[PDB]
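Visitor: Okay, here's what each chain looks like letter by letter:
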Amino acid sequence: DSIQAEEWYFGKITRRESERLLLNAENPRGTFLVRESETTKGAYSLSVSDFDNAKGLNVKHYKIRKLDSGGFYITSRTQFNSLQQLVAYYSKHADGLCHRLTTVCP
Amino acid sequence: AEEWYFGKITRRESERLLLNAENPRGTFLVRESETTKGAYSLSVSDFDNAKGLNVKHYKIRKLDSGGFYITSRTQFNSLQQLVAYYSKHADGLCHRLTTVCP
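Protein chains in written order, with full-length UniProt numbering: chain A, 144 to 249; chain B, 148 to 249.
Excised from the complex, chain A in its bound form:
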């Protein structure tokens, strides 16, 4: 389906594999990718690269839950009718995330 081919969706890659792709030093902070959650059925995960001078480059993982209406959310502040709309939103506003989403993981 459409989601399978989104440039930012990485399907069933593991959290460890997403950190392997995201921790690459070429990536600016806020490089991200969406994937299925490995440990929660039916949820997704937004993994975001970030940096601090103590953990080094690191990745933060945010569960994305799906509501019975069909929407999605990470926080109580905002919900979205699609992952596409969630990504578009957090590309414009961190709003609790470690960083605004900037580069789509290559």
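Heads up, a few of these hints could be off.
Computed cross-link-like contacts, PhoX-like style, restricted to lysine-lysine with a CA-CA straight-line distance of at most 25 Å [stated by the list, open to error]:
#1 A:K184 <-> A:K198
#2 A:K184 <-> A:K235
#3 A:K155 <-> A:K184
#4 A:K184 <-> B:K203
#5 B:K155 <-> A:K184
#6 B:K235 <-> A:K203
#7 B:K209 <-> A:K198
#8 B:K155 <-> A:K203
#9 B:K155 <-> A:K155
#10 B:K235 <-> B:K209
#11 B:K155 <-> A:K209
#12 A:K235 <-> A:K209
#13 A:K235 <-> B:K203
#14 A:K198 <-> B:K235
#15 A:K206 <-> B:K155
#16 B:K184 <-> B:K155
#17 B:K203 <-> B:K235
#18 A:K198 <-> B:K155
What the hints contain is simulated information worked out from the structure, not anything from laboratory work.
Got chain A sorted already, so can you dock chain B onto it with the hints?
Guide: Relative to the frame of chain A, chain B by itself:
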């Protein structure tokens, strides 16, 4: 940085992960201890006839001078040396640390 370090995932999460594949015995990861500050926890899959596949958890204590241990037999000056040692020598663990959790 290490591919086997899974950071703050939980005990339950590690068990979901370590058991969630066609993962052999001896698949493992290291994570921050939930129960004890400063320590880590080594989680390793195992198989036995009564339990079937199951996960064992081993505290990794941190010494004041900097090193780490799980038993009195050997201690390590870093956490990576611990992992490297137990990949070659089970020494009391259920199995050697052979496959990093995918």
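Visitor: Give a verdict on every hint.
Guide: Hints, one by one, checked against the model:
Between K184 of chain A and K198 of chain A the alpha-carbon distance is near 29 Å, which puts this suggested pair outside the 25 Å criterion. Of the pairs offered as hints, the one joining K184 of chain A and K235 of chain A is violated, with about 28 Å between alpha carbons and a cut-off of 25 Å exceeded. In summary, the hint linking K155 of chain A to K184 of chain A is supported, as the alpha carbons are separated by about 12 Å, within the 25 Å threshold. At roughly 23 Å between alpha-carbon atoms, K184 of chain A and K203 of chain B fall within 25 Å of each other, so this suggested pair holds.
The suggested pairing of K155 of chain B with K184 of chain A holds, with an alpha-carbon distance near 20 Å, which does not exceed 25 Å. For the hint linking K235 of chain B to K203 of chain A, the alpha-carbon distance of about 32 Å lies beyond 25 Å, and the restraint is violated. Under the criterion of a C-alpha separation no larger than 25 Å, the hint pairing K209 of chain B with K198 of chain A is consistent with the structure, at around 18 Å. For the hint linking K155 of chain B to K203 of chain A, the alpha-carbon distance of about 11 Å falls within 25 Å, and the restraint holds.
This hinted pair checks out: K155 of chain B and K155 of chain A have alpha carbons roughly 21 Å apart, not beyond 25 Å. Between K235 of chain B and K209 of chain B, the direct Cα distance comes to roughly 21 Å. Compliance with the 25 Å bound is thereby established for this hinted pair. A hinted pair counts as satisfied when its Cα atoms are at most 25 Å apart, and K155 of chain B with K209 of chain A qualifies at roughly 24 Å. Between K235 of chain A and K209 of chain A the alpha-carbon distance is near 21 Å, which keeps this suggested pair within the 25 Å criterion.
In summary, the hint linking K235 of chain A to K203 of chain B is not supported, as the alpha carbons are separated by about 43 Å, beyond the 25 Å threshold. As the CA atoms of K198 of chain A and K235 of chain B are separated by approximately 29 Å, the hinted pair breaks the 25 Å bound. For the hint linking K206 of chain A to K155 of chain B, the alpha-carbon distance of about 14 Å falls within 25 Å, and the restraint holds. A C-alpha spacing of about 12 Å is found between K184 of chain B and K155 of chain B, which places the hinted pair at or below 25 Å, so the restraint holds.
With a CA separation close to 18 Å, the supplied pair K203 of chain B and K235 of chain B stays within the 25 Å bound. Note on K198 of chain A and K155 of chain B: the hinted pairing holds, with a Cα-Cα distance of about 13 Å set against a maximum of 25 Å.
Hint compliance for this structure: hints 1, 2, 6, 13 and 14 are broken, all remaining hints hold.
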